[PDB]
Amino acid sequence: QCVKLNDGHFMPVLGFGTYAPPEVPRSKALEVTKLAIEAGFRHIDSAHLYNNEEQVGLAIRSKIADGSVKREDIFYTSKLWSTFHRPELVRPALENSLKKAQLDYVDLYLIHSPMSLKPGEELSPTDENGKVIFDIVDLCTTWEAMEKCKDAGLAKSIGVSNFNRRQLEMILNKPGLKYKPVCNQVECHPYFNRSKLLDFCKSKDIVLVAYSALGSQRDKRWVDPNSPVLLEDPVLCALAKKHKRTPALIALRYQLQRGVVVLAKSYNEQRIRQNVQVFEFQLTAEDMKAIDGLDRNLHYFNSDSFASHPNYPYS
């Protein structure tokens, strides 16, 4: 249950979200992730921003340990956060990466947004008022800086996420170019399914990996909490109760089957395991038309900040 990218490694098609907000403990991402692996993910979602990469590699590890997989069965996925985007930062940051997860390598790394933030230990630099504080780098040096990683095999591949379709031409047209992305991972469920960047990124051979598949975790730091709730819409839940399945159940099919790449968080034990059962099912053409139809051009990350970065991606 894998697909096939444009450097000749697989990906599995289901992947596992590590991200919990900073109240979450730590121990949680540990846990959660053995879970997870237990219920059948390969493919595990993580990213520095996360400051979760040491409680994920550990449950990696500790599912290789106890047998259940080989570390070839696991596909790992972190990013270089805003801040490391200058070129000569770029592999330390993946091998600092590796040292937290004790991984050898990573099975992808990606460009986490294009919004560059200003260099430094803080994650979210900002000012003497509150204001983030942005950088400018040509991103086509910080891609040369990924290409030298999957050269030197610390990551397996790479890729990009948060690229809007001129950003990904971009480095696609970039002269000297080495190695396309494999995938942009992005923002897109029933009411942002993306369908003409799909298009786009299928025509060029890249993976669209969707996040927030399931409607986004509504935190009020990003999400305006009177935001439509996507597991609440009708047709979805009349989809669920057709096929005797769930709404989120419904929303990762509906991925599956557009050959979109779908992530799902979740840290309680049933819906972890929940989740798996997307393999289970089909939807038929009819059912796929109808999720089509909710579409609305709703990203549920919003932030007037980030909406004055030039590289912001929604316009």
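C-alpha atoms forming the largest set that superposes within 1.5 Å between two forms make up the rigid core. Numbering follows the first chain given and starts at 1. What changes on going to the form deposited in another entry:
Among the candidates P225, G130, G176, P234, the CA atom that moves 2 angstroms or more between these two forms after core superposition belongs to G130 alone.
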Second form
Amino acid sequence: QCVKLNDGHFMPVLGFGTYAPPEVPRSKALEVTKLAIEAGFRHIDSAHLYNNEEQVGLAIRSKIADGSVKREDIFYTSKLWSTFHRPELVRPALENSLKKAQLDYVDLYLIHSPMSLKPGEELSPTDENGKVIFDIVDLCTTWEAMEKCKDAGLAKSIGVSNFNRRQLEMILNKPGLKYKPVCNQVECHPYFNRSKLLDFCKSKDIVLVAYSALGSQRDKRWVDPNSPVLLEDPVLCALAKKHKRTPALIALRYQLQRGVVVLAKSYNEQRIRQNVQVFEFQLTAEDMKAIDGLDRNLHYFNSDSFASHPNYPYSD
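Okay, that's the form deposited in one PDB entry, but what's the structure of the form deposited in another entry?
One chain, no partners, no other molecules: that is all that follows.
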């Protein structure tokens, strides 16, 4: 149930999403990550931004301590936040994430976003109009610093997140490149299926990793509540009835059959256990074509706070 990355490491194809909004106690991330591991999740997706690495790391260490898993069975991801793109900040950021999680290494470290933010101030510096304050950083220098983190053994693999094709090409074409990104973790679901970006990633042996694969958490900070609710989609519902599964399981299975590694966040015990059933059935070619027909260029994250950033990826 893993894919081989372009650096020889292996990534489980179903990952557990650990972000929950501030109104959810930090406490819960511990409980639910333990449940996820218990249910069979072996890929766990976190980030500095999520303010949960202590909890997620403790859950991992607890399941190691009680003999449920070994460290080598777990694939743990963190992400470099955008105020730390300047190359001298990259390794310290990673070391901080490792200290929070109390792990010797991460399996994967990502550049969280191509949108660099002003360093040395707040987590997300914003101007008087609520627009994030940009910084101009050559991301090929950020990437070089990421490569050094791999060479040091702090991260087994390195990749990117929220890059568009041109932004990936900038890294892939860098003189002296040592390591390609193993993946590009992007918003991806039947309303925004990223087929052309997926084709490009496949052509370069870069794994596309889907977030908001179940339609996002529809956070009021970033998501229009008028947007269609993915898990209420009539085609997904019809397919769920056909297969006697659920719309969520259809949406996850869709990604696996296109060669996309898929994340799924749930803080609910029943749904956490349900999501692992993605391995238990399959969709036909006609089912897949029906789901492909849902594409409508819908990125749920759609905010003024990001859309003017000079490296906003959806500009392309």
